[PDB]
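Just the one chain here, the form deposited without the named molecule, laid out as structure tokens.
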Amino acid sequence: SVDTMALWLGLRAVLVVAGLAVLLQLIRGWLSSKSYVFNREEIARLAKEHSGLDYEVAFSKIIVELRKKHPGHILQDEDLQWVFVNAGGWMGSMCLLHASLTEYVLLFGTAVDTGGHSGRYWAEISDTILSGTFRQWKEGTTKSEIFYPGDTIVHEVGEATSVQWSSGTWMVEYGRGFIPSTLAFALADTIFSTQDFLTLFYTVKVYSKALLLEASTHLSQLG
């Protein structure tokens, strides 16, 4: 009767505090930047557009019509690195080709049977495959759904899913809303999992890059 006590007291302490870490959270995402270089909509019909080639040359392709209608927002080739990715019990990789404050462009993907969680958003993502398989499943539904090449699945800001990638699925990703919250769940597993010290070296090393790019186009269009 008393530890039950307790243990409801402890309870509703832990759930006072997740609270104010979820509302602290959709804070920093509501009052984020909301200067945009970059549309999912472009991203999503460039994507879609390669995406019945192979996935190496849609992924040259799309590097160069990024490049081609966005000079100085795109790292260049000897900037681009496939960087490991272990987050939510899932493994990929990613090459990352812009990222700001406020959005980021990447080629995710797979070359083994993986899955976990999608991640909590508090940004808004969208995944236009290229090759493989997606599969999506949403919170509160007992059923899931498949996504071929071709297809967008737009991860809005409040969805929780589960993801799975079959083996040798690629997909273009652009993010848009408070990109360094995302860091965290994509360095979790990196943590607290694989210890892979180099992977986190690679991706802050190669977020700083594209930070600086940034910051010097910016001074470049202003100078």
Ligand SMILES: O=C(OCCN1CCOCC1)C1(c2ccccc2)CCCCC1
The other form holds:
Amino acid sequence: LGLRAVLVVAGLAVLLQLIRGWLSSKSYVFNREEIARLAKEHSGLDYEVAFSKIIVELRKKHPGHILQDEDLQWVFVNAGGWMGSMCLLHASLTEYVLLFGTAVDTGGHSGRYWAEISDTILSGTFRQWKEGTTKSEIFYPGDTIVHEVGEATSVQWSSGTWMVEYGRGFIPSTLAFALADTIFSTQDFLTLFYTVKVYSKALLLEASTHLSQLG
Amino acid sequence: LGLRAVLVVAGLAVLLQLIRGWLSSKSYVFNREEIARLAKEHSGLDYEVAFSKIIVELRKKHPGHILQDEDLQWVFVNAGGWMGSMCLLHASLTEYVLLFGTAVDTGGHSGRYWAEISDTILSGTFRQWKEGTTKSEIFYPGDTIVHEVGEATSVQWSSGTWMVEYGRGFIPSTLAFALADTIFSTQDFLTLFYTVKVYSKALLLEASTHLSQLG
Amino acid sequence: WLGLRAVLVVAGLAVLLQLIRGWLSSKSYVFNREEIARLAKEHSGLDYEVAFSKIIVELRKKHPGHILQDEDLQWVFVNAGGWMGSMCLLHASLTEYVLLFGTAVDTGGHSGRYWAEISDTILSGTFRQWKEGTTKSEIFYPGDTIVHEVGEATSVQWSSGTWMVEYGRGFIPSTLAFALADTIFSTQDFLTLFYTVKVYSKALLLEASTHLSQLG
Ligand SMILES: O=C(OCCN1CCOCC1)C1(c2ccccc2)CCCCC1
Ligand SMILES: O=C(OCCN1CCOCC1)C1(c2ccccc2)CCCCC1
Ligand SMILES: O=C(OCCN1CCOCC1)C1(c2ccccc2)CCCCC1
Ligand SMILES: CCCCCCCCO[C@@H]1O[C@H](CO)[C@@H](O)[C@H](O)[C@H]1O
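Right, the form deposited without the named molecule is done, so what does the form solved in complex with the named molecule look like?
In what comes next, the whole complex appears, and the chain from above leads the way.
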């Protein structure tokens, strides 16, 4: 009838306005400024000591929203042509906090999702190459890169680069990316299992905490 | 004697020989020596100044075969395990001219297609590792690398490496490669959309110029 | 009982794994990790090509009929786990393989995770290994030997011109997927895939014909 297609894009737009109003009106456990300031506070000492102190601070300020020491493990992350490792501390459907970094020189595509991802370097260097330009920037400990919603860059990390990462938005929209290189390159399905496990642990902790505070 | 198998073999051989004869007896808008000399002439300037001057020269010598300024945009190129960026100026089924390069350190497979691809460096370095050897060669501004037909090499580019590229042959035979990393790694389908858009704009410009000559 | 069928599948997989593991534990092998490691470190002070030739000659002398001749040796590109190198296969069976590996460009990525132990003795260059579960990597130089253990997955990195002698023992088919992924979902270099299939078929047929010659 020459009209049906306008109704499908209108239904997707209704869904998008619904989700956008929800994400703009929702309450969040953390904010990117809090995580960025906490990470920049310990940017002067060793990155492992910084990891420990930031974990302690996050468990103190937000009890029931951070995994315990028995649930912390380093999991390899192969995505977008790069390879690093993560230690997940918090994860819901709209938020995640983790410690990211690499001990090797890597780089590739940063991904493009419906979420905002901030990274505060604890040690090393962080080269970001934004879209549409011919020049990149290097960020140092204390600085923070804000991978905006819907924008795609090229990331490059030198050996020994470690940072604290906070993401807010629609978290599932990232999942595919985080697994792509594992499905079509590394074939390390044990790491896939580890990732699914730690994500499930964080989600279950968050759900049980929501159950407890309601009653 | 199996008849359908022999017929398939003979038909595919006749099709390949037909395409080969058409490529051997076809007229072309550019040649690799033209693009290479034009790029080497301006290789001593800043690569952005060189970009401007090379675009102006290409539009002067070949009017109606280069996209206008409102249609030029930098689109990411993830392929063969490396990540760079392109600005497509011309593209047909048998030719393409573009500005390629990266602002990060990358490298990977060069691909292996039925087309000859020449790259003249305006800035940076270009490490080529030919097939069947244990040593590579570094190339500097002014040099021209010819990725030959059916040949596969290893490419590596340092941060800030920019070059002018001309490809001639059966251009569609590259498409799969050019999209592989996008489908199974980056999942950046908006960059895929940009690539499809610019390639379609170039093909439409070429068909429009073909129509303008006849009437 | 649907649980009966799933338990049957689990028990069958378990008995097959146990059968293959017992066979690997009770099998005789042509080479060992220490042999290849010491032989490569012996020539690790020369240029990597002179070392290549000397190691090939010594290996063909000590184990005749188990290593390809000069007419079957060729360099084949190897894209895997996000890194790109080159290999020259000298020996390969279902449980063993010996080859020369290395890269002329700076590369790195996932090391893979298979049911086989893979040793690499550096003849030239540098080898950065990043073990799983740690936040620090380690660089190894010519003369050193890296042991990619069974079931472990690391991050590998090699600088331009790094060359080594590789020996793998275990269930070699368990590597096939990792060896082909980048070719299927990235490089599309099916001619390099053909070359890989060709050299491995040559090696397998060499092993089979050598075993037939022993019996008659
Ligand atoms: O842990 C990650 O990767 C950080 C690396 N950074 C690099 C810079 O760009 C953003 C991602 C991601 C994750 C993995 C698993 C659970 C939750 C999140 C976060 C989104 C990006 C890929 C996967
Ligand atoms: O834009 C590109 O990439 C140049 C980079 N070069 C670097 C040297 O080796 C060949 C590729 C390609 C393209 C393909 C199709 C349309 C428009 C552009 C050209 C072929 C290689 C990948 C895709
Ligand atoms: O020949 C290879 O490539 C060695 C590369 N090495 C480098 C050091 O780390 C381990 C892998 C492999 C292969 C290629 C082709 C067919 C069957 C196997 C052997 C298993 C490990 C990867 C792929
Ligand atoms: C990636 C971690 C740092 C590696 C050493 C880089 C030293 C400076 O490198 C420079 O960085 C600039 C911004 O990216 C670019 O303009 C230059 O092309 C690049 O040479």
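Numbering follows the first chain given and starts at 1. In this text, rigid core is short for the largest set of C-alphas that superpose within 1.5 Å between two forms.
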Inset, instruction - Shifts of 2 Å or more in the Cα, rigid core superposed between the two forms, apply to only one of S60, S33, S167, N39; name it. - result: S33
Inset, instruction - Establish whether a shift of 2 Å or more occurs at the C-alpha of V22 between the two forms, with the two forms superposed on the rigid core. - result: yes
